[PDB]
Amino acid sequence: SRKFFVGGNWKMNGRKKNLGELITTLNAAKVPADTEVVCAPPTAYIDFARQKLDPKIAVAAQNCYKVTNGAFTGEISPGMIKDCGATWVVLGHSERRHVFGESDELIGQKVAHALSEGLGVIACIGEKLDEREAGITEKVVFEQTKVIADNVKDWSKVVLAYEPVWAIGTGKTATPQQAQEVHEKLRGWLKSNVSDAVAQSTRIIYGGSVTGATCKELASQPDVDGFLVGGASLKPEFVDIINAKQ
């Protein structure tokens, strides 16, 4: 079976003081046997985070570029991430897609480069509200994953995150059933476009709004393998989410 995966995306939040406290809280928490825990601190703090965090928890970067070195001021490479002791990178997040307008082609190139360099990838997909209301969720998510799939050689270091963009700051919450329906179709796509083994072993995590209160019902869905957590990553609520499957 698939190891339960819990990622905490800190986004653009925190200073050395309040993050050190957050880290002390996590260091105390007991991590269940079959649970994989990953934190993604702001880029300035990757180094700081890895030095203070217990080796039991992984560190991810929130983004990177697609070559190993070069004239791209303000960017960082997978090699730099590895160099700081991080092992994962989040690629293709909704915020890079829809705020900063990163293209599918570019996300794919980033995926292939980060994997070639030994990093794990959390690859984000999902549809916006205008597209859900038109009835084209399926078309939009599959097209996204084809572009990722076309660039993955070895699926053992890949995690797919579904982000229901249509239900973030819209005043429109997604039900557990609605998450489940999309996770099932994604797994089905992997089954018929890649292979059975890849479909059965690849973890698909839900990156929608999750709280200490909602997490239990979402984690009991058959095709939900864990979480990519936004705002709750910064509170002790995170420790409850880590224990969601018990």
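We call the rigid core the largest set of C-alpha positions that still match within 1.5 Å between the two forms. Residues that one form lacks are left out of the comparison. Numbering follows the first chain given and starts at 1. First, how it differs from the form deposited in another entry.
- With the core held fixed by superposition, the comparison between the two forms singles out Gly171 as the only member of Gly171, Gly135, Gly101, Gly74 whose CA moves by at least 2 angstroms.
- Moving regions between the two forms, defined as 3+ consecutive residues each with a CA shift of at least 2 Å after core superposition, come down to one: 166 to 174.
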Contents of the next structure:
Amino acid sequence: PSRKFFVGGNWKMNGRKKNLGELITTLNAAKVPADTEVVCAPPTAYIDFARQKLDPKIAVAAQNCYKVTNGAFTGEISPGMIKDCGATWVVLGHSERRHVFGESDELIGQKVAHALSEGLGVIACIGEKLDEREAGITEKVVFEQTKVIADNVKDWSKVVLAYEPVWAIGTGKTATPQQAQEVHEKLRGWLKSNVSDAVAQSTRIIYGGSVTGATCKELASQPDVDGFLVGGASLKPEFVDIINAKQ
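Counterpart to the form deposited in one PDB entry, namely the form deposited in another entry:
Below you will find a single chain and nothing else.
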């Protein structure tokens, strides 16, 4: 067919019922354009609340999960719980999980496999740090992260890859369109060489890292950029602008 544009909003650790409820009302009233898939990832305490308040046109994602269905893992949640709350996606391998919390590639792979086996979709995050970019090892870094993810994916129809260069997260330093395109094209080439043409052609690779209303149109114009995983702007009315990046 042709890759459906994908816009995810990662609220991170922000919001309460009152102000997230006001956010959700605004999103509910927005017209979601054709061939566009919108997903919001609330704080874990509000997955249920957000699913109840959001229009079904918008899917709900968890911001993380663990790798078994139930167990002695105080503070964690499972894909089963996520499904049970009406959510259909999980974000895995986010930069903050890797770099603030130290989650290993191996662990992230195990979570991807479990989440997929349980019937969730996965937004799987990769990305290099400034020091890695400056050393010229971007490709090595992101290919290695992608490989561990791929080793644990048996159905790519339920996966979206999110490239979020760590130097672009929370800094205002959005990748230029050319920079995002360069990495996205390389990641798609990796899928083609290492999985299949069909998987390469159908898998959304979305860009994250200071996506704003002012920058989204030029980014979305790049041939191998299939949408966004949005951070700070996901909490504001300009998220709707980003949803309309191809209009």
